[PDB]
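For chain 9, the structure is supplied; the task is to place chains I, 2, B, A and G with the ligands on it using the hints.
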Amino acid sequence: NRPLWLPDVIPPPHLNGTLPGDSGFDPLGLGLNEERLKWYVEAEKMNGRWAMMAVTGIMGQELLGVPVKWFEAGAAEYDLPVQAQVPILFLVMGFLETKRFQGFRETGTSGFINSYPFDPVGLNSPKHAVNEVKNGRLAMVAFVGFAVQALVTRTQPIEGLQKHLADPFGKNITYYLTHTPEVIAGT
Amino acid sequence: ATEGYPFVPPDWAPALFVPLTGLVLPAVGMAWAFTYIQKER
Amino acid sequence: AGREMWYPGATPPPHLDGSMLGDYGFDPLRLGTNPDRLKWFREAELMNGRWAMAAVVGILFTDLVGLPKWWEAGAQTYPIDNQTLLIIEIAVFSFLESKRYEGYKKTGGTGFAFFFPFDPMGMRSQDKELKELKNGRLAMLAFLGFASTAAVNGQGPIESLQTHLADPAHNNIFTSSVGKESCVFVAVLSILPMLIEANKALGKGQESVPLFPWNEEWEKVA
Amino acid sequence: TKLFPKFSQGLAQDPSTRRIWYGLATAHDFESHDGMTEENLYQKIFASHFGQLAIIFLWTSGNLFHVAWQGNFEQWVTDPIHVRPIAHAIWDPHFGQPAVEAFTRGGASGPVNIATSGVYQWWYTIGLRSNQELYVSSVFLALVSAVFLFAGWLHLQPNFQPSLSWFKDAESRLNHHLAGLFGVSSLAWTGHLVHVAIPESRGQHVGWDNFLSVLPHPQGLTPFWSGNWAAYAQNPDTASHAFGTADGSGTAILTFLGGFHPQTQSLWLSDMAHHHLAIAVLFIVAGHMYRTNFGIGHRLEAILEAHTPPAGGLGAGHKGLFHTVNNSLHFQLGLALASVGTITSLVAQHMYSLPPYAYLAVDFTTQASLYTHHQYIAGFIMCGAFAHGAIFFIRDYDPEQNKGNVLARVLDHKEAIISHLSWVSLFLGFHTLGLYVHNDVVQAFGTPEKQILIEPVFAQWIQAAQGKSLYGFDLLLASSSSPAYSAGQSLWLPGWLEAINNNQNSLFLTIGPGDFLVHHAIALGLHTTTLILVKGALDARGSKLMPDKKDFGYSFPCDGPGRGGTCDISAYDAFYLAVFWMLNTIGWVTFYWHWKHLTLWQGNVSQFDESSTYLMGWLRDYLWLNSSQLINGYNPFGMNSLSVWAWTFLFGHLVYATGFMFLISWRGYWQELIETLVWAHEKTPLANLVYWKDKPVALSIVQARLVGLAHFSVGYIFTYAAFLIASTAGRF
Amino acid sequence: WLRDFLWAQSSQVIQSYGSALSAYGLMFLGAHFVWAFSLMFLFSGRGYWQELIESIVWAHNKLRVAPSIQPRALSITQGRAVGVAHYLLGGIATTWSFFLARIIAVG
Amino acid sequence: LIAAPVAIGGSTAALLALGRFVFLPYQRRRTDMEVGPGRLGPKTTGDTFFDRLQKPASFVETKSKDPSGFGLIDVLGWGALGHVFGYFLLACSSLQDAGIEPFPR
Ligand code: CLA
Ligand code: CLA
Ligand code: CLA
Ligand SMILES: CC1=C(/C=C/C(C)=C/C=C/C(C)=C/C=C/C=C(C)/C=C/C=C(C)/C=C/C2=C(C)CCCC2(C)C)C(C)(C)CCC1
Ligand SMILES: CC1=C(/C=C/C(C)=C/C=C\C(C)=C/C=C/C=C(C)\C=C\C=C(C)\C=C\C2=C(C)CCCC2(C)C)C(C)(C)CCC1
Ligand SMILES: CC1=C(C/C=C(\C)CCC[C@H](C)CCC[C@H](C)CCCC(C)C)C(=O)c2ccccc2C1=O
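Residue numbers (the entry's author numbering), protein chains in the order written: chain 9, 35 to 221; chain I, 68 to 108; chain 2, 41 to 262; chain B, 3 to 734; chain A, 645 to 751; chain G, 37 to 141.
If we strip away everything but chain 9, and leave its shape as in the complex, we get:
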């Protein structure tokens, strides 16, 4: 009854289909426990949301023409030094995550602060939840791709995209895995 995973029949015992974005992808069986299942649902949504905001920040920074690259953003001269974020960077997010955990103890969903539905505009539909989960998985794949661009290609993501459009055969995985690693180091 589900659009399912890979070609065709792979019936999941603990994934009936009521879960948002459920396709039966559990080849090794890690989510049999129900409490662990809902915790991993929430944690998948968390890494997906952070992947969303990470990748959108990356292409927004590249499209708006900032000089520093996203992988070299740590060591540059800014108005507040790196020693000055990590006090309140840790403090405010520790407060936020502690509030959200003490709310998740009894609610079982996400939420910013107190107002756990967190819907000023509403439109909370199961279709929106499935869209959130699947676009989140796409965001994780995209951020992994961006990190491996920074590692191997050592270039910006949209710059690598433009390289793929400009020379599709000559900027593939073979060129950037064999011809480049002696050249990119001091290119």
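Worth flagging that the hints you see were computed from the coordinates, not collected in a lab. Check the hints yourself; a few may be wrong.
[Unchecked claim] Mimicking DMTMM-like on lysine to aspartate or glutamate, the simulated pairs with C-alpha atoms at most 25 Å apart in a straight line are:
#1 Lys244 (chain 2) - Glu76 (chain 9)
#2 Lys174 (chain 2) - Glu247 (chain 2)
#3 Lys133 (chain 9) - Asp57 (chain 2)
#4 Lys46 (chain B) - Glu247 (chain 2)
#5 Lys101 (chain G) - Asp60 (chain 9)
#6 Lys109 (chain 2) - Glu199 (chain 2)
[Said to hold, decoys possible] If you only want the chain B side, here are some residues facing chain 2, beta carbon under 10 Å, derived:
#7 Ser10
#8 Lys46
#9 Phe152
#10 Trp155
#11 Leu158
#12 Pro160
#13 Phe162
Positions of the beta carbon are idealized from the N, C-alpha and C atoms, including for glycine.
Coordinates of chains I, 2, B, A and G with the ligands only, in the frame set by chain 9:
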């Protein structure tokens, strides 16, 4: 300091820390253990 | 332990039911688990806080009027030699603290000399005690900050405030020699309520009392 | 009724001082704890293993922290052959003014302790150069120790406590540990070697800031995706290469030159890089063998039941052994301890002959301490292996579960095995002592040519088979026409032959008749320790003197004076007597190592060759000649740096003597003496007010054996460590 | 005491080989042997040795060389007596050899 | 040096063809005498979360649509064998063309 941020302890730290673990920590150990053994239910 | 808590979502300690005022659930090591111990620690907290209040307001007054630095004020010239000054200080305190301890034995109040409680005006109310406790703890932290900024910065509170107002991005604690120490310490303090929450979440029904040499809460463990 | 033995309600009812000692001794004997099931026992062992992991990581983090704080690691990096390593500073308020002045070694200011643990050479080899990196390593290891602490606490809460069947999953455990704990761990290690240690040995600093900007090989992973793996082994480091600079160096990350570095006298970095890479690949391949949730794999029970030879060679074979190993935790513990002790012995025998750390061979005292430490550790671990095998035999061995298998058949003819071990031990000891006494009384009569010098032809033949041309046996790997020499003639033969034909290093030293005699003494010690441990294990559950030994527990004192006398009848006392033989055997092997290496370092190998034959020469030229600088640590004339080693020497003597105090005298006279002391305390003024809550009771017989063995062993270890490091540090 | 009495002396006992006092060095090392051999009878008990004797009796039973008199381990009092006798003999002969060799080679 | 694409492809095609048309009838006979109907069979029995991990997966028994019993796991294993053999041949060629002879002469 030039990357002393993996914090280098002071050059006077042994004078405080050696008697702390040679005289005070054994005293706390003996007192705590002796309260443990002579405890009736 | 009061609806307002040391971190939001915390559970009160079993002995910290909130009967005494100023309770915020803040007892990680659980130093005082006996009601006599709890009230003695409250009296000691009030004593140290009152001395912190007096010392801090004296510090602001002396820095405002232009008198020299407090940690170097012990070496300055003064009338009456410090030997007999110390001797008369113990001579008067061996009576003052004696009267304080005897009044605490017979009444428990924080009176002065022969007046127990020493409240001639008469604004005796629980809200006054709560305000005194809060301002006292704030003065405790303020004196610790004063000692720290006298140690590493070498300047008074007024000079420290002017350096913070002049360039707050870089003239803070976190860019000093005790900077990354404070960064790691406050990161540990930010992580700290979550580890307590994790202990409460995994330990759904267990006591999970912090067993330590200063308290006999481990007697119920075994 | 007390509450200190919370695990043992019966021990809490004991009103004597025996309760404290027995609660401390039976602290982690969870199988004998009151009201405890199998699953909770397994979970407790899991948490305990996490605790030992956290302790190990905290200890090594402290080693890094103390070396980075009070050591001379930068000065050692600048000059390894001259500057001595420093372990930790000495802050002893009981020290005198000369005592402070006599411990500022290594170019330090305060009193410091010279490090012979080998961490300086190891950290210089793996690319650690500054104390900043050691500080970062210390804080990271403390962090992962805290992580292991939290994980050990994590697997004790509900919804997180693993089930009993999770622990008994054998195939998936072996698959995962062999694939990741060995394979990908070695892959990460050889990646670290190639990225950091290979450039850091060639003057190229590789750190966290620039390892993504520098490249390990100039080809840059093109050999790996393609087939041209020989591009990595193209330009290795030359003979005239310095481990700190790039003088005469090459660009190679994986090479198999073999032998030793001509400057550091250590194995090549590319050699161990390709070694750990090949080990990683082989272990990841071997980690995909046992059966898991997928349809492919191997089942251990199927392999065990299938390997039953025809015609009743082993009876039922290995049938019914899978449940025996899985259900009995002591079987797995004994197997693990046996393999760990054997491989610790292998590590000890392979570190000194093939030093993997730069300038480790130059540091003689460090190599001696490392070999002695790991050999004594291996001996203790093998003794524990046999003891826990005995515990398996008495506690959780089910004969009807595995009837007619290899285990039941071995238990059936246990008398034959014990008798043959006794025969070979008696024969070895008889003839070894006979030849030693013969040669020694022959040397006494002024005619040293009459001593029996049996040349070790077998091991010299083996050495010539490995390429040693000193003995003249023109066998394979020593002749140019042999196929074994031709195979690998261009791979690693010119390095291995050059390293094995040089007598300056410790690789395959020349051996004489004294070497063969002390080798036979070593074999005698191993055989006798094996004999007693095997006899204790096989007679752990039954004997002709006592058929019902399995009903009395593993560690019980005796059965009484009846039936002739049953003292030391348990397998625990068999282990206790075997620890003495283990200590004597490791003492023999360390005496041999220390004397041969000392005569090599001093240059008079002929002194060892002509003096190790007879025991008087052994005593005079090892325990007397090398102890001259040790006992001169604090003369009435003055004190030197070896004053701590002389004090430790006499300290070990005193603790060994107190071990004799607990070992010779037995409990029963001490009980009457304690009774007289009880009467003295109860019937005196000003002291009868103070009364004991725990009744003073003399140490139990099992407890007496334990404390005598413990004192004996720590005294032995301390006095030999003091003598070894004083004799190796007094001259060099 | 150690360095200036047992090590400053006894240098002539170890160097007595090839001379008239070599028998004192032989007596010294044999006394070391007998003193060390005593600790087997002192630390150990009887049950382990009785079981080892049972295994040896099985070995002699396999090829029918069983003695008519049944081999038994030494008694606990017997074992203590053997241990103390060998210990005393080893120590006395050790001191005897050391003292005599030192006082003859020097005095 | 041997071309790495053609060598790896030929080795993995040979190994996959062997595992499907050749050793697949020999395969699963070892499993009939290893985990077969009358043999040891199930690894675990309990019904807790730490026991369902030892239970067999859900994508390994779905009657893969190949005419034989060649499933995804068998495809992965025989392709791993093919990649191993191709890399072994390429490694031997790399040692050969560098002027170094590992064979006895
Ligand atoms: C050419 C014919 C041939 C030969 C020579 C062998 C030989 C062997 N097979 Mg066999 N086998 C064959 C054909 C053959 N196989 C065939 C056709 C099949 C059917 C496919 C099998 C199936 C088969 C199975 C299923 C098993 C064997 C096993 C064995 C080994 C042990 C045999 C045995 O009973 O233990 C020897 C007999 C004894 C009674 C053992 C006595 C050992 C003594 C007591 C130990 C002495 C210790 C001593 C102190 C050591 C001193 C060392 C010193 C350094 C201290 C042996 C190497 C077994 C195996 O793998 O083990 C390795 C096994 O499980 N075989
Ligand atoms: C250095 C002192 C020393 C010596 C020499 C021995 C010697 C022996 N012990 Mg050991 N033992 C010792 C200390 C010592 N022990 C200590 C301190 C302990 C801890 C309690 C043990 C614990 C122990 C156990 C638990 C076991 C042994 C066993 C053995 C025997 C091993 C067999 C062997 O090596 O061939 C023989 C080795 C010899 C050195 C032969 C000594 C005999 C020579 C030839 C002299 C014979 C007499 C001579 C001809 C003169 C005759 C006259 C004279 C009798 C008056 C052997 C008799 C094992 C055993 O007996 O089973 C086989 C055994 O199971 N011992
Ligand atoms: C990693 C390996 C390993 C593991 C998991 C175990 C685990 C176990 N063993 Mg085993 N064992 C080991 C190694 C191991 N042992 C080794 C290496 C030896 C040889 C020394 C033994 C010898 C041994 C025996 C003989 C017995 C056990 C027993 C036990 C059980 C409880 C022991 C215990 O914790 O009491 C806690 C013990 C103590 C707290 C006493 C500590 C005193 C130590 C041992 C003396 C050290 C000397 C000195 C004081 C050190 C300080 C020096 C000073 C200068 C500072 C438990 C099943 C016992 C058992 O199963 O019960 C029937 C048992 O009878 N084991
Ligand atoms: C009591 C008991 C126990 C224990 C036991 C033990 C402890 C054992 C040990 C054992 C051991 C400890 C063993 C060892 C072995 C070894 C071996 C077996 C080896 C081999 C080797 C080889 C085979 C080699 C070869 C070679 C090579 C490879 C190279 C060079 C050349 C040559 C050829 C030499 C248990 C637990 C079971 C349980 C039951 C009872
Ligand atoms: C459907 C079909 C088909 C097709 C098939 C295919 C296409 C398959 C797949 C695939 C393939 C075709 C292959 C596979 C493979 C797999 C795997 C799984 C692999 C692995 C590998 C590995 C594991 C490697 C390793 C390594 C490394 C990493 C490096 C170094 C070296 C070595 C080797 C060690 C045909 C047409 C025939 C027919 C019809 C149907
Ligand atoms: C070794 C030992 C034994 C075993 C020793 C026994 C049984 C005595 C053996 C005496 C022998 C048989 C005397 C004769 C020795 C030689 C045969 C003499 C050789 C002479 C040559 C000329 C051939 C015990 O019985 C015992 C009992 C209690 C505590 C400790 C121990 C103990 O340590």
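Comparing the hints with the structure gives:
1. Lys244 (chain 2) - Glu76 (chain 9): holds (20 Å)
2. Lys174 (chain 2) - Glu247 (chain 2): Distance ~30 Å between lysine 174 (chain 2) and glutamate 247 (chain 2) Cα, so the pair is violated.
3. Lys133 (chain 9) - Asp57 (chain 2): Answer holds: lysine 133 (chain 9) to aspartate 57 (chain 2) is near 22 Å, not above 25 Å.
4. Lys46 (chain B) - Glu247 (chain 2): This hinted pair holds, its Cα atoms lying about 19 Å apart.
5. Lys101 (chain G) - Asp60 (chain 9): At roughly 20 Å apart (the allowed maximum being 25 Å), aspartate 60 (chain 9) and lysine 101 (chain G) satisfy the hint.
6. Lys109 (chain 2) - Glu199 (chain 2): Holds: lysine 109 (chain 2) and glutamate 199 (chain 2) sit about 11 Å apart, inside 25 Å.
7. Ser10: violated (12 Å)
8. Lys46: violated (15 Å)
9. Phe152: holds (8 Å)
10. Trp155: holds (8 Å)
11. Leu158: holds (9 Å)
12. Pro160: holds (7 Å)
13. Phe162: holds (7 Å)
Going down the numbered hints, you'll see the structure goes against 2, 7, 8, while the others check out.
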